[PDB]
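Produce the complete structure using the sequences and hints provided.
Spelled out, the chains give:
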Amino acid sequence: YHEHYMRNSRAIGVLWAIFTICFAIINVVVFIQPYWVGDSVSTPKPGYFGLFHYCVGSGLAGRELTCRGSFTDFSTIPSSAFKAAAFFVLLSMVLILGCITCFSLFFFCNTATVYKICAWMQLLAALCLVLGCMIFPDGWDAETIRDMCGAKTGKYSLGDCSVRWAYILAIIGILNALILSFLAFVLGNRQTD
Amino acid sequence: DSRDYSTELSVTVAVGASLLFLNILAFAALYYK
Amino acid sequence: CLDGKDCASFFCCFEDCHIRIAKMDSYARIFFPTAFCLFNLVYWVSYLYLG
Ligand SMILES: CCCCCCCC/C=C\CCCCCCCC(=O)O[C@H](COC(=O)CCCCCCCCCCCCCCC)COP(=O)(O)OC[C@@H](O)CO
Ligand SMILES: CC(C)CCC[C@@H](C)[C@H]1CC[C@H]2[C@@H]3CC=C4C[C@@H](O)CC[C@]4(C)[C@H]3CC[C@]12C
Ligand SMILES: CCCCCCCCCC
Ligand SMILES: [Cl-]
Numbered sequence: 011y012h013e014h015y016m017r018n019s020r021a022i023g024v025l026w027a028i029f030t031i032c033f034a035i036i037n038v039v040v041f042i043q044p045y046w047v048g049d050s051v052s053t054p055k056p057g058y059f060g061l062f063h064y065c066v067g068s069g070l071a072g073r074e075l076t077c078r079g080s081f082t083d084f085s086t087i088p089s090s091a092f093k094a095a096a097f098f099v100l101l102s103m104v105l106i107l108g109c110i111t112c113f114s115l116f117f118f119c120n121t122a123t124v125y126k127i128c129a130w131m132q133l134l135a136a137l138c139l140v141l142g143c144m145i146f147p148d149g150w151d152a153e154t155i156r157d158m159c160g161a162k163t164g165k166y167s168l169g170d171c172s173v174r175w176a177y178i179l180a181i182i183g184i185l186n187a188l189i190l191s192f193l194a195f196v197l198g199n200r201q202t203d
Numbered sequence: 668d669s670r671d672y673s674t675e676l677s678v679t680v681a682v683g684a685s686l687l688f689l690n691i692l693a694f695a696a697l698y699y700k
Numbered sequence: 369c370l371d372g373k374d375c376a377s378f379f380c381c382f383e384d385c396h397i398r399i400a401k402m403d404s405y406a407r408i409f410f411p412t413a414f415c416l417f418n419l420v421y422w423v424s425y426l427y428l429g
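Residue numbers (the deposited numbering), protein chains in the order written: chain L, 11 to 203; chain H, 668 to 700; chain C, 369 to 385, 396 to 429.
Derived by calculation from the structure, the hints in this document are not laboratory data. One or more of the hints may lead you astray.
Derived contacts from chain C toward chain L, CB cut-off under 8 Å, selection only [stated by the list, open to error]:
no., residue
1, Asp371
2, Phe378
3, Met402
4, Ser404
5, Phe409
6, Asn418
7, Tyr421
8, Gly429
All residues carry an ideal CB built from backbone N, CA and C; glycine is no exception.
Structure below.
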């Protein structure tokens, strides 16, 4: 019975590490890719925007998407809520990468302690990704966002624009991070047995 | 460009559901004594 | 804490907790190269491919 116990714990730990790396990839993709919100059929102008970067059309029945924004230069970010959300989504990425680094501690440190260290680093990463997802909709009143989406847009109101893949992928990342955190806690308590 | 995002959201939700389902399978493996 | 442990016993490490400070050099031998490798991977992929 005990050899099966150890085999299942080892395999589930390996899969937990694999899914942790997958969630880290998801976090990097959502932080980088600017597809959190996008135009619709009834929108005045076309374009899309992410946490800091935003691309808008000039409005001549073509693409000509002038693109502006960068996290290195906080001046170009449209609003303070966008800056706060971009910070939290980064703190979340730096905390998930810290767990992937802390995988190296499995050689020397006790396995239960490392499992719990990543459990707590994944819980915090999910909390940051959740604060970043709640705060990002507050900057939808920014004149730059209002210019693209239209007058109907406002705080906590899509208006005419629609959520694109990055937003729902970030929500999925929140759920994945929370589940992985509980998985790490259970594994850490399970090695002790 | 047809400014409609349904296939994109659909595939994103499908991939997300797949990953989440695998994680619930991880809980299934653990909590099953 | 469904396992039957206390919230502290389930969600925190207090078995001996630091005591392991002599092995600090051992951890940094593989921690620091791992951190630098991950930082380069995200740094280069972000600027060359994703955006
Ligand atoms: C594209 C992005 C790629 C990112 C790659 C990130 C890589 C980051 C750096 C390296 C980490 C290497 C960690 C290797 C750790 C190996 C540790 C090991 O042997 O596992 C044992 C069980 O632990 C466990 O089941 C825990 C197992 C954790 C495994 C962690 C590494 C998995 C790497 C999978 C990579 C797949 C990539 C997929 C990309 C899609 C613990 O030992 P041991 O019994 O002796 O203890 C006895 C005790 O008394 C003292 O330690
Ligand atoms: C120490 C280990 C565990 C974590 C290191 C975190 C690294 C990978 C983080 C910290 C700061 C991050 C950068 C912050 C800002 C930007 C600007 C953006 O337009 C592209 C991504 C980029 C360039 C990030 C890349 C990843 C980055 C370098
Ligand atoms: C396919 C795009 C991958 C983006 C970088 C992933 C890094 C994962 C954490 C090291
Ligand atoms: Cl940037």
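Hint check:
Here the hint on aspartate 371/C is kept, as its CB sits about 5 Å from the closest CB of chain L, short of 8 Å. Because the smallest distance between the Cβ of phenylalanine 378/C and any Cβ of chain L comes to about 6 Å, under 8 Å, the interface hint for this residue holds. Contact between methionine 402/C and chain L, as hinted, is not supported at the beta carbon level, the nearest pair being about 11 Å apart and thus beyond 8 Å. Of the supplied interface hints, the one on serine 404/C holds, with its beta-carbon coming within about 6 Å of a beta-carbon of chain L, less than 8 Å.
Taking 8 Å as the C-beta contact cut-off toward chain L, the hint placing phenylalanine 409/C at the interface holds, the least distance being around 6 Å. Annotation: interface hint on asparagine 418/C violated; nearest CB of chain L at approximately 12 Å, more than 8 Å. The beta carbon of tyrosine 421/C is not positioned within 8 Å of any beta carbon in chain L (closest approach about 11 Å), and the interface hint is therefore violated. Hint on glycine 429/C holds. Least Cβ distance to chain L is approximately 5 Å, under the 8 Å limit.
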